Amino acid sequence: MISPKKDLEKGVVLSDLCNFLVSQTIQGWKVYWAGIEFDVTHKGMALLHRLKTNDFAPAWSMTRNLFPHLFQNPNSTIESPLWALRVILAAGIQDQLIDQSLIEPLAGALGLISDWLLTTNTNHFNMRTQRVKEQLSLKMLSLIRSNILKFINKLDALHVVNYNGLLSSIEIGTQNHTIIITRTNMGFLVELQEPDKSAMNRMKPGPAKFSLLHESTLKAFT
């Protein structure tokens, strides 16, 4: 009976993809999504808040000056590392959602999941256009998993911010946002801007949300 075909598969896949499980640890959080464990920490978050102040705390002076649209912008707000993880996961899905045929239901199913991760803070997503729940399969879940792993490795291939021409950030457009992920000495700065990146208008900065994903979270995937 493990061999003959069934509804059980779509059910398990639905459960893994439409739930973002979070468990508190001393260090931060354990997260479980798509059958993948992530260890998220809140180290580094205090420094982020520090940099939002004018406390001159030198040596980080450079970092704040590299990201004035984040640290010197009354319209930018700090989110938690859990949000940072959600944004990176949405970005990974998008970065391999973009090349899909307008099938569309599978691309639609991915878009729904990506959208839920990116723009909400809930632990559960109710997909009920179930012409896409039947787009849910173990094949689709495997594809999502391998491509999340591929995206995480792309991030690990980034160099820390530099003046040596070496790539240090990735930008991903979504339907209603621009996602930017930049490797810094603090870890990965994850930001969410408008599609026009108005936060970058140094004379009159638009809105942004940002946070930090500590290097340790990606190290497990190497």
Given for the second form:
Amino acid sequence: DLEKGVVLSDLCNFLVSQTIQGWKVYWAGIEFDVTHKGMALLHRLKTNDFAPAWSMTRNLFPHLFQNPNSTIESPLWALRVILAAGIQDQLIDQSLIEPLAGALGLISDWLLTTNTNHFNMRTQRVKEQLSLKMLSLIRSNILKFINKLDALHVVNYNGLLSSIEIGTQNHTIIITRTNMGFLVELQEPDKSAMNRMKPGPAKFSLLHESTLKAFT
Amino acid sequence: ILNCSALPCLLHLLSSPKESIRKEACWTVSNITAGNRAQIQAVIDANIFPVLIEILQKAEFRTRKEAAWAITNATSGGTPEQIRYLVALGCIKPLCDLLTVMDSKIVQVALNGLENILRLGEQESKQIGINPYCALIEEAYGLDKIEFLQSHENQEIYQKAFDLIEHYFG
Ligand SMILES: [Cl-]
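Other form of same protein, the form solved in complex with the partner chain, not the form solved without the partner chain:
The complete assembly is shown below, putting the previous chain first.
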């Protein structure tokens, strides 16, 4: 009765409030503090208008910075991609009931593909699936994925893990930890952006350390 | 560069181990499926569409793109009999899957293919006054995925998406 009203409000509304630092985001009962820090630099690295002679980050990710078919998105987009990835990683990989997977799938697709703050859920089979258990399941698995991201080390030349890849049917999300912060990038499922000769498309952005450090 | 006399020649090539072959085989089928109604019927008679739809889900992306083009071309120039056959094989879900991809070109192909199926439902509604393929698209999460495309960047996609919702759904 009341449960549905609340569960819908929380899952189907990605609230964004503009602030001095950047944005205040609220979704699925979770607060996030997104910021502009790094985005200034991130643009200069791609267009190649920076002071120093070279950049270590620009060299490590040429499929992003030296790719004419890549484009930069906002930190809000970065957050959505991580959230979408958290759902896709922890949950959808296991074998669970099909209407639940389709529900999580739709929600991750809404986060990943669009920039809309409201999700008008028109698929009916899913709409009935929306429970407090479902919300609870998402919340915990978002937190797990964030802790999993916090466990990453900054890109290095040892054997220490520094990134995470999530491969869906239609996408490949890669989140790598750098000195700037978490470099979030979205490629085609065949990773066509890596093709050095004729590089495929890729959206990417930065999520600053601070946003995740609140949870750790 | 090479020619074939028989059509079931390609049925073998679509089930090869090499992706590079399968991809180019699908590209060839799409050219045949782009033709007239008898040419489409030839492909139906050789049992090619069943393996195309299997490819459209299971195969890697570059191959799926050409398999998609092939099926959308069938729905474009195909007869009411031929389109119903594709739907019976279960091509709507495979098409709805493509709606969320990054490549705008492939999204438009999926939208056209779905529209072709939906416009056929307008005729079928006159012949229970309801479009049968609306229910099937909703159940394949297509309705929501089309809803997403209303807010898409590309003009040609978001106008098509708005049109489909107003005309057939909302
Ligand atoms: Cl909380």
